[PDB]
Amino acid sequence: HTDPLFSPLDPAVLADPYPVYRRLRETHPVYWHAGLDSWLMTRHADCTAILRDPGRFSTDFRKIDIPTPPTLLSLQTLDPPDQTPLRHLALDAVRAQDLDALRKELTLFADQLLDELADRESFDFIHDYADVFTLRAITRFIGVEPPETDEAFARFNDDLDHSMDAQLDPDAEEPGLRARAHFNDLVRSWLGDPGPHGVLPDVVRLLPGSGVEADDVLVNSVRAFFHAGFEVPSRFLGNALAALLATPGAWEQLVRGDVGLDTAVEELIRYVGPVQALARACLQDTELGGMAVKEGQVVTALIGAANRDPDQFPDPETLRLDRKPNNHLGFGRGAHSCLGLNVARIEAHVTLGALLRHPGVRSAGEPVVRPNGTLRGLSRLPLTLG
């Protein structure tokens, strides 16, 4: 039953998937994976082509006769032109925010948080820094009061994340829909009482004349915006810090100023960016890598693998913090490219800049990897600031 090349939820693969990605790229760069019921593309050029062609590779699987479950019809699962009013509304609301004000308040918040954590013997960088920091950032950016971070919140997030892998665990589907419904209730409460500033108040202000109805598709889109904004930067910050501490000489290069944060942050996104897989429905027979991809089949762009493709990046398995050029796919391309990438970069630059003021930072225990093959990150990263 085991796949001869790639088992994304095998614990040995979860510990370090990149050698497996590399062997797959070298052997079958366009690979039919029976368990995933999908082609897997591990090369940068093929992944770019998939993301740039919505008429051929669709996010709306209703077009290949798969119904969209409740909570999931949204900006993420519509193609142009159906997607375009929502996409333009979200772009307009995001661009109306003051990124300079956000950077100022996140810089203060990060310094305050790390000063408190430096008073501890050690701490978990994921739960005690990253999740606190990114929940603050996304709720301030949207303009809403944050949810309580209790046990139920954590279990809903785990259920939602695990449902991204529901093709390999069918029982994960219904808990994931319950988690999205839970966060939809949160979004509806926010929409009923918008605050003075933020993405959500501007969405409400821009809705008249946008071509977007204030309906469940909008609610699902705002949920996904919030949930990605909370989780994906946390996944990245943990991956990035873990890579810096594990790579000989990498942290000292930043401490000494031998490399700048601009190229370093981009190289960390290329090296250990959290999004591993972007799936699309094939709407027309297409040849990729000499393989006959058929209408009605699913293709998956393994962009984590693509970002270590030697055809695109010389010495791709090395963390080269001054890497130039660096055309990584970490924020996607085309009609569904990341709407939060400027906020995410601010979070990364702020966090790394703040950590560099504690040069003695070091691991205080083993990292723990989340058992997720689609969105990759850590559940624990024990740390001391020295």
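Whichever C-alpha set is largest while still superposing within 1.5 Å between the two forms counts as the rigid core. Only residues modelled in both forms are compared. Positions refer to the first chain, counted from 1. What changes on going to the form deposited in another entry:
Of the residues checked (102, 186, 291, 265), the rigid-core alignment between these two forms shows a Cα shift of at least 2 Å for 186 alone. Core-superposed comparison between these two forms: CA of residue 152 displaced by 2 Å or more. Once the core is fitted, the segments that move between these two forms, counting only runs of three or more residues with each CA displaced by at least 2 angstroms, are 147-156, 174-193.
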Second form
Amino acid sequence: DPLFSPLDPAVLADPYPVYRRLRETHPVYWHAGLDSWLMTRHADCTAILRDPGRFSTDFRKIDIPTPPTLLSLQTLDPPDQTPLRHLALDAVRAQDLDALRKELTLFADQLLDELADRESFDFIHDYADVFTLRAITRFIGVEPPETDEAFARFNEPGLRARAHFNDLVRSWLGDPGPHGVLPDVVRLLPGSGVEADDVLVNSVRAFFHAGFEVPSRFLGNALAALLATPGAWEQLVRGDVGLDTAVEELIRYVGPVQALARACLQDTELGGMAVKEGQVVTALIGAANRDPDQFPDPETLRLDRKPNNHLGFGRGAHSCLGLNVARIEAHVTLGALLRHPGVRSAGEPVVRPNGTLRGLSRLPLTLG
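Having seen the form deposited in one PDB entry, could you now give me the structure of the form deposited in another entry?
Chain only, nothing else included.
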């Protein structure tokens, strides 16, 4: 593609200048390669996410079938999605976030204390993955299987891995632990209007992944951005900016979710362009969060930025249910790293070849 090649190596290295030019010339752009419109402005992406009747997550409505193991909260829209959405909302909000912050603070400190002895380690493998996997298993209230403690099978073999995970989920539902999102789901299911069928099981799988790979990649993106921005780490070290506001700026700046796809169900004009029923639109929210029309000086990392109405947690009917867990994870991680002021890069990052959910596979670091 002449404008946007998401898996081009030079593009993966830094997509944001490519997003900017695309936004500047064709903010609503038809991409033949991806068979989708590409919206790079905050206003357009917000509209895409706030009208399920016009832009749907259920691609069956444009006659694309859903693999049965993928029909879930994520791939349904109201009214189909609604009982599940509310059940998940209810089980999440029943959790004690103060207790979660307390135990994650201890875990982050002991992780980095052990990694302080190294002179160079991969922040991704040794902290981001370990920390987020601990958080999501404790939050859901399940134990890692001894034969696959890293859940490595679950990152046809894909069909077999989904069926194995579904087997695990059903055993959890049948014998829930003493706390967490899943035991509260079990408690709340009678009278929720949700059936304990395959859609529920698939939804637990989707919840796990939403609460694992996504925050893990954010934590790596965020630290990489701080290390690569002159003065940004030292600003945190000095207490010059608050962590809450810094975390929201880091989500805006390098939040992992790059693309949210929707199916167009009614003709619509956007940026002058006539999007047609049956076509796919892609809200490039990574680009939208650097849209100058919404954020002044958007390509500059401003840890004190206020206001900051970023799209990093989505909008509307499918907005992120774990966003306050994500914020606790980031806040805890930064405070824990800040106990080791000499943190510095220790080699080059390498980017995962992923244009949809952006992250690093390696982030060489030392704590000093």
